[PDB]
Amino acid sequence: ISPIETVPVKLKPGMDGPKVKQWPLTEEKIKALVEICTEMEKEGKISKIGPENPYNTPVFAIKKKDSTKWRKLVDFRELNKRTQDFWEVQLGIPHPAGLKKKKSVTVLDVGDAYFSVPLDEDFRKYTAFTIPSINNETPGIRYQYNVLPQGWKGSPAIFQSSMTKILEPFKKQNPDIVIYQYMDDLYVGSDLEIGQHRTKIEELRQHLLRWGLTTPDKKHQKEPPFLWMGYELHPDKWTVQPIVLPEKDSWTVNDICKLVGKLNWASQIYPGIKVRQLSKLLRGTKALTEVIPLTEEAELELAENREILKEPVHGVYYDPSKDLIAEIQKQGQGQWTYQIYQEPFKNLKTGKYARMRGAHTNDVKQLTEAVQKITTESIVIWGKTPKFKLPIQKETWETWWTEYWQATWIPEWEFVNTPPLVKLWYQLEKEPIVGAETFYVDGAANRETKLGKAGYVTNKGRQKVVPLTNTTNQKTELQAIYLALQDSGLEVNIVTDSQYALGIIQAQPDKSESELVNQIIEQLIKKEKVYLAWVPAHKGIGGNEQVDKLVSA
Amino acid sequence: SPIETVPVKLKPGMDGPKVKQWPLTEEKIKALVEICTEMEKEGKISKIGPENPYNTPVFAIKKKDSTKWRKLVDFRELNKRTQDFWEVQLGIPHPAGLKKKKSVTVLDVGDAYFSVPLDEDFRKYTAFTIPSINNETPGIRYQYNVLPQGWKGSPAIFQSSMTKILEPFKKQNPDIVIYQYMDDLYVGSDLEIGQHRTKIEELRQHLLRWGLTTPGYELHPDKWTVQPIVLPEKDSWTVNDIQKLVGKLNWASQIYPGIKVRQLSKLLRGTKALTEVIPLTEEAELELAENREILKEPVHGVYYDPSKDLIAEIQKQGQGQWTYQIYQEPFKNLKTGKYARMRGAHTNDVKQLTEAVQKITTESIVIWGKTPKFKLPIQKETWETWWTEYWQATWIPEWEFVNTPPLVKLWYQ
DNA sequence: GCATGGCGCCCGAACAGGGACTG
DNA sequence: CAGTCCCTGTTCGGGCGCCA
Ligand SMILES: Cc1cn([C@H]2C[C@H](N=[N+]=[N-])[C@@H](COP(=O)(O)OP(=O)(O)OP(=O)(O)OP(=O)(O)OC[C@H]3O[C@@H](n4cnc5c(N)ncnc54)[C@H](O)[C@@H]3O)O2)c(=O)[nH]c1=O
Ligand SMILES: [Mg+2]
Ligand SMILES: [Mg+2]
Numbered sequence: 001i002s003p004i005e006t007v008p009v010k011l012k013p014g015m016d017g018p019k020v021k022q023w024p025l026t027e028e029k030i031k032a033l034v035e036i037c038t039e040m041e042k043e044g045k046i047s048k049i050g051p052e053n054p055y056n057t058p059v060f061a062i063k064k065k066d067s068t069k070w071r072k073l074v075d076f077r078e079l080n081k082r083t084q085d086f087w088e089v090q091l092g093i094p095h096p097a098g099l100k101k102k103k104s105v106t107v108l109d110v111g112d113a114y115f116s117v118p119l120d121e122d123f124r125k126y127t128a129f130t131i132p133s134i135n136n137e138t139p140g141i142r143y144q145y146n147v148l149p150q151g152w153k154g155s156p157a158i159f160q161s162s163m164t165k166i167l168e169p170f171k172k173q174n175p176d177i178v179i180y181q182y183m184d185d186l187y188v189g190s191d192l193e194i195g196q197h198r199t200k201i202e203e204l205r206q207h208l209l210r211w212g213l214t215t216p217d218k219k220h221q222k223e224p225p226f227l228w229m230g231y232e233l234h235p236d237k238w239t240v241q242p243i244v245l246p247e248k249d250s251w252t253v254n255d256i257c258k259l260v261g262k263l264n265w266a267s268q269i270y271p272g273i274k275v276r277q278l279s280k281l282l283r284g285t286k287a288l289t290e291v292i293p294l295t296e297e298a299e300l301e302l303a304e305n306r307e308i309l310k311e312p313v314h315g316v317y318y319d320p321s322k323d324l325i326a327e328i329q330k331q332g333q334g335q336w337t338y339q340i341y342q343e344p345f346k347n348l349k350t351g352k353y354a355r356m357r358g359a360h361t362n363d364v365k366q367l368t369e370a371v372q373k374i375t376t377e378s379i380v381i382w383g384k385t386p387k388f389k390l391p392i393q394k395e396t397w398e399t400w401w402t403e404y405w406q407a408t409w410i411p412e413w414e415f416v417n418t419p420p421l422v423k424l425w426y427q428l429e430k431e432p433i434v435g436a437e438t439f440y441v442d443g444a445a446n447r448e449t450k451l452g453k454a455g456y457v458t459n460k461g462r463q464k465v466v467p468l469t470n471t472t473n474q475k476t477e478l479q480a481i482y483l484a485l486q487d488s489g490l491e492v493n494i495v496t497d498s499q500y501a502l503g504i505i506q507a508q509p510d511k512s513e514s515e516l517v518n519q520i521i522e523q524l525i526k527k528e529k530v531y532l533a534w535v536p537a538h539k540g541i542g543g544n545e546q547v548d549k550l551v552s553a
Numbered sequence: 001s002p003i004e005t006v007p008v009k010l011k012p013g014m015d016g017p018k019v020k021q022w023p024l025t026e027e028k029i030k031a032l033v034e035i036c037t038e039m040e041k042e043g044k045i046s047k048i049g050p051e052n053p054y055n056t057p058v059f060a061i062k063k064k065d066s067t068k069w070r071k072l073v074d075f076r077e078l079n080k081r082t083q084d085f086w087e088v089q090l091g092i093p094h095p096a097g098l099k100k101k102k103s104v105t106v107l108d109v110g111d112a113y114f115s116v117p118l119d120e121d122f123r124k125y126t127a128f129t130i131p132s133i134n135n136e137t138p139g140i141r142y143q144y145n146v147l148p149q150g151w152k153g154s155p156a157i158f159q160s161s162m163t164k165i166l167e168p169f170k171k172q173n174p175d176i177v178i179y180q181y182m183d184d185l186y187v188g189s190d191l192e193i194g195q196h197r198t199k200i201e202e203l204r205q206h207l208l209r210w211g212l213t214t215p216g217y218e219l220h221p222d223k224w225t226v227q228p229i230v231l232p233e234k235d236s237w238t239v240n241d242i243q244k245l246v247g248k249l250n251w252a253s254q255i256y257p258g259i260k261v262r263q264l265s266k267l268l269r270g271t272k273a274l275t276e277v278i279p280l281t282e283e284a285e286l287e288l289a290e291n292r293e294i295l296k297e298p299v300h301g302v303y304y305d306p307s308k309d310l311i312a313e314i315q316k317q318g319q320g321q322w323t324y325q326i327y328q329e330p331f332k333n334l335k336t337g338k339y340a341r342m343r344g345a346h347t348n349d350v351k352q353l354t355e356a357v358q359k360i361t362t363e364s365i366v367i368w369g370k371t372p373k374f375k376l377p378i379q380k381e382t383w384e385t386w387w388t389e390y391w392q393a394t395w396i397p398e399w400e401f402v403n404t405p406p407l408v409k410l411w412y413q
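Which chain is which? The protein sequence lines are A and B, in order.
Each residue of the first sequence is one higher than the one before, starting from 1 at the first, in the numbering used here.
Each residue of the second sequence is one higher than the one before, starting from 1 at the first, in the numbering used here.
Each hint should be verified, as a subset may be incorrect.
To be verified - Calculated cross-link-like contacts (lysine-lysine; reagent style DSS-like; alpha-carbon spacing at most 30 Å):
id : chain 1 : residue 1 : chain 2 : residue 2
1  : A       : 172       : B       : 68
2  : B       : 18        : A       : 81
3  : A       : 539       : B       : 409
4  : B       : 71        : A       : 384
5  : B       : 409       : A       : 529
6  : B       : 47        : A       : 125
7  : A       : 10        : B       : 9
8  : A       : 460       : A       : 549
9  : B       : 380       : A       : 430
10 : B       : 18        : A       : 165
11 : B       : 80        : A       : 81
12 : B       : 244       : A       : 539
13 : B       : 47        : A       : 171
14 : B       : 380       : A       : 387
15 : B       : 244       : A       : 430
16 : A       : 511       : B       : 380
17 : B       : 30        : A       : 384
18 : A       : 373       : B       : 351
19 : A       : 103       : B       : 28
20 : B       : 124       : A       : 153
21 : B       : 30        : A       : 387
22 : A       : 539       : B       : 332
23 : A       : 100       : B       : 28
24 : B       : 47        : A       : 200
25 : A       : 102       : B       : 30
26 : A       : 387       : B       : 63
27 : A       : 430       : B       : 266
28 : A       : 102       : A       : 322
29 : B       : 409       : A       : 549
30 : A       : 12        : B       : 20
31 : A       : 100       : B       : 62
32 : A       : 389       : B       : 28
33 : B       : 124       : A       : 12
34 : B       : 44        : A       : 165
35 : B       : 380       : A       : 389
36 : A       : 529       : B       : 272
37 : B       : 63        : A       : 322
Claimed, not checked - If you only want the chain B side, here are some residues facing chain A, beta carbon under 8 Å, derived:
id : residue
38 : 137
39 : 270
40 : 378
Hints are computed from structural coordinates only; laboratory data are not their basis.
We treat Cβ as the ideally placed atom computed from N, Cα and C, and that holds for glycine.
Kindly produce the complete structure, drawing on both the sequences and the hints.
Shown next as structure tokens:
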């Protein structure tokens, strides 16, 4: 029974305890479960309860890593609804790439960790449960937890929290030891003599026992191939644990999830990973079991990546004396890849970034987003933002940030040549083009019928109007600009009362999710001098007027 | 110091703050660790567990000439929900004279609040969590035991003591104005700059007699110009120019009702060419100048309304210039300025905007003793990533992000 | 009638806000 | 002026990955 002081817990005002009945279990389960409760009973983890306790919560079991034994869980879902909130302390997950090299290293793990911290007394009642007989022919036995149960939303937090308080004393008196605690999984590293270390490890392992924390000898002792957080930490490198992709003929939705999930975990270190085609399959709303025909474009990816994982890589460690560099490359349309290293090819961590934000953007923008993403992620791992090497010319960027209306910025970065390169695919003109047919575009639709017209009317005399089906006053506006762009030469002067359209265009987008806007872009690339100007909408302006009367019959 | 803590009531039915903490650079994590462990020993704060559902983010900043770091908590939230308490019940008056003084300086008396203890029940709401690099460890949680800095309540509870502390100074120098905005103290006078600085220094000492550590910076409310909109002066007018012009006039027309343009409109009549030059007609010349006069005379209908939220907009110009407008309702500007190419700021659009924002927030405090809500012209993740590296004030304004291309170029610049 | 906390990625629904149009 | 639309951005839930 642990001396560690318990943490006061209450339920939400007006809510009583859980009164949900136990659902029947399987023969083997009821079998293992009773072997467990018996052992907990004696140890003092749980307690046999009288009939005066009106509560109950269904319980069940699940096999562990090597499938020797079982894990007793409790479906405290109803209890989590009623119980008080907590504020979580685990803010993130440690990364091997942020690990430093150390003379000696060890990694322990507290056995049965939850079952060694005292649950607040008053709360225990609500944690009551029942275990049936073999075939439910004799009333079962009521029990309640006196320790942290598995399935209560408060556990992980209380535990993690109680653990740091126990390690606080030891960590202060040993400022020279670095310890990474994640739940009950400890990693102790030091630059102490190989033997002195083993002494601290003993001095420590014996510190937990004093606080009730067991330390089974089943732990990485002077074992270079350390298994921490699903990684293989070697003396001067680190890798991820064997990563096996699902291999099957017919794929269901869920199957693909379980496939992309893993490929992302891979991107952490395997470079060049891409999952854009693969996930596209997940569009629309579909069931986990809905079987979906693997597409052609995705078949390329699913295979491409599979070729990448065939040839294993490894990660290196970090040292504070050298700055960090993160180089990035543009992998597909919308996709990007990046690797952070401290030396030439000495990689410390790789990564993918593929969120195509917004309806319309451009490589510069999507690039800027990636730098930001990496900048942040690196501050979490190393607490300092790294140096960049980006595939974009210094003059390109400088052309963009001065012209763009939003404030924008990229930290310390040098150039790197590796196609494809980022660049603006065109540039509207600052001043009107001399000696050029000027198009006065506009359009409109009757939002009540979806019918609509789009057209232009030039100074030279040109003129046209096109009827449209299923369109809106905004789309129309665009459509119109499309026409004026087609029916023009390499130099053009277009004018519109469309703040919307003008909005998109000026941002120099090079990709979009809009058919129409994709075509406009394409056409804009083909010209040599474009110039769009804006005028008030239903003013009597010169040319606008006319096209207006035309488009709205 | 055993004292009777004023009870802090909360907005009825208000849930305390629950904000996640954000990543922190190594240098500012180690600064925060140091800062907090001494605060823990000095008893200002107390360690706590995960049983306290609340939370507010923390970070830290190093200001000008101060090598010592300063802790800063974003009680931006806990302030919106305790507003009843500090604006109504224990409100503190705003002198409308300060905006008129020849010189004003800002002192950091925030330290002084650490003296008074905080009401036991309200402590759980000031909870904060310190992160660890590479998540070597879970978050360490702390809560305040004394008036913290950053909460709008603190300067409201300490007003009684402040009145006193400053009573003898207001007597000997009945011609200076003191205003207390949160962690700040704003002292304004019409004295000459060299002696003004000394009155500030006799005041700093005056605060020393009670134990308050008061660690281009002087302000000048009289030198702040509300620069208006102006129309260009061209020799020959192109069709394009006359267009853009109307574009602006029709727009600026929502401001003043007098601007007419129907006379400048008849000029474009008929699909012409953009580069086509057009003779400057007299029907226009009259009305053009006619409008040019309306835009000089100050807009009629301006008025401040304490009962309404203040709003600031900034436009990015280029070459380091920025323009802003503070208002409560569309087209009824209270003031509009033009932040210039700050001599010393790097070519960092974000570092610049960050600076502009703090100027506005400051001007805003002096003029109406209230902070504005900003409409920043930058993308959230872009700003969210670097705004803290450049911040140097002790308060944080409520901002929202907006993206809106430039119609009629920028009428304001 | 098959649990909990954390972080990541990806997709979509719900929601909010500004400009243009409509009666 | 107030009520509809359309377009768009931001938030939050659910599912998978990985850890405990
Ligand atoms: C996996 C899991 C964890 N948890 C919560 C509650 C749980 N505490 N408890 N009880 C705590 C830690 O779980 P852990 O898996 O460490 O088990 P626990 O702390 O319960 O006890 P113990 O560690 O003794 O677990 P066993 O399954 O009995 O032993 C397996 C352990 O032995 C070590 N081990 C065995 N063989 C080796 C080897 N060759 N090399 C290195 N380590 C080894 C290894 O760390 C593994 O966890 O996280 C949860 O809520 N749900 C889950 O599904
Ligand atoms: Mg364990
Ligand atoms: Mg129109």
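Quick rundown of the hints versus the structure:
1. A:172 - B:68: 24 Å, holds
2. B:18 - A:81: 18 Å, holds
3. A:539 - B:409: 18 Å, holds
4. B:71 - A:384: Measuring from Cα to Cα gives roughly 19 Å; hence the hint holds.
5. B:409 - A:529: Judged against 30 Å, a Cα distance of about 20 Å means the pair holds.
6. B:47 - A:125: 29 Å, holds
7. A:10 - B:9: 22 Å, holds
8. A:460 - A:549: 19 Å, holds
9. B:380 - A:430: This hinted pair holds, its Cα atoms lying about 28 Å apart.
10. B:18 - A:165: 23 Å, holds
11. B:80 - A:81: Holds, because 28 Å separates the two Cα atoms, which is no more than 30 Å.
12. B:244 - A:539: 13 Å, holds
13. B:47 - A:171: Roughly 17 Å separates the two Cα atoms, so the pair holds.
14. B:380 - A:387: 22 Å, holds
15. B:244 - A:430: 13 Å, holds
16. A:511 - B:380: 21 Å, holds
17. B:30 - A:384: Distance of about 12 Å is within 30 Å: holds.
18. A:373 - B:351: 19 Å, holds
19. A:103 - B:28: Answer holds: residue 103 (chain A) to residue 28 (chain B) is near 28 Å, not above 30 Å.
20. B:124 - A:153: Distance ~21 Å between residue 124 (chain B) and residue 153 (chain A) Cα, so the pair holds.
21. B:30 - A:387: 22 Å, holds
22. A:539 - B:332: It holds: about 24 Å lies between the C-alpha atoms, which stays within 30 Å.
23. A:100 - B:28: 20 Å, holds
24. B:47 - A:200: Given pair residue 47 (chain B), residue 200 (chain A) holds - Cα atoms ~28 Å apart, limit 30 Å.
25. A:102 - B:30: 22 Å, holds
26. A:387 - B:63: Holds: residue 387 (chain A) and residue 63 (chain B) sit about 25 Å apart, inside 30 Å.
27. A:430 - B:266: 26 Å, holds
28. A:102 - A:322: 17 Å, holds
29. B:409 - A:549: 27 Å, holds
30. A:12 - B:20: Between residue 12 (chain A) and residue 20 (chain B) the Cα gap is close to 22 Å, so the pair holds against 30 Å.
31. A:100 - B:62: Distance ~28 Å between residue 100 (chain A) and residue 62 (chain B) Cα, so the pair holds.
32. A:389 - B:28: Holds, at about 26 Å.
33. B:124 - A:12: With Cα atoms ~17 Å apart, residue 124 (chain B) and residue 12 (chain A) stay inside 30 Å; holds.
34. B:44 - A:165: 20 Å, holds
35. B:380 - A:389: Judged against 30 Å, a Cα distance of about 24 Å means the pair holds.
36. A:529 - B:272: 19 Å, holds
37. B:63 - A:322: 27 Å, holds
38. 137: 6 Å, holds
39. 270: 6 Å, holds
40. 378: 4 Å, holds
Comparing the model with each earlier hint shows no violations; every hint is respected.
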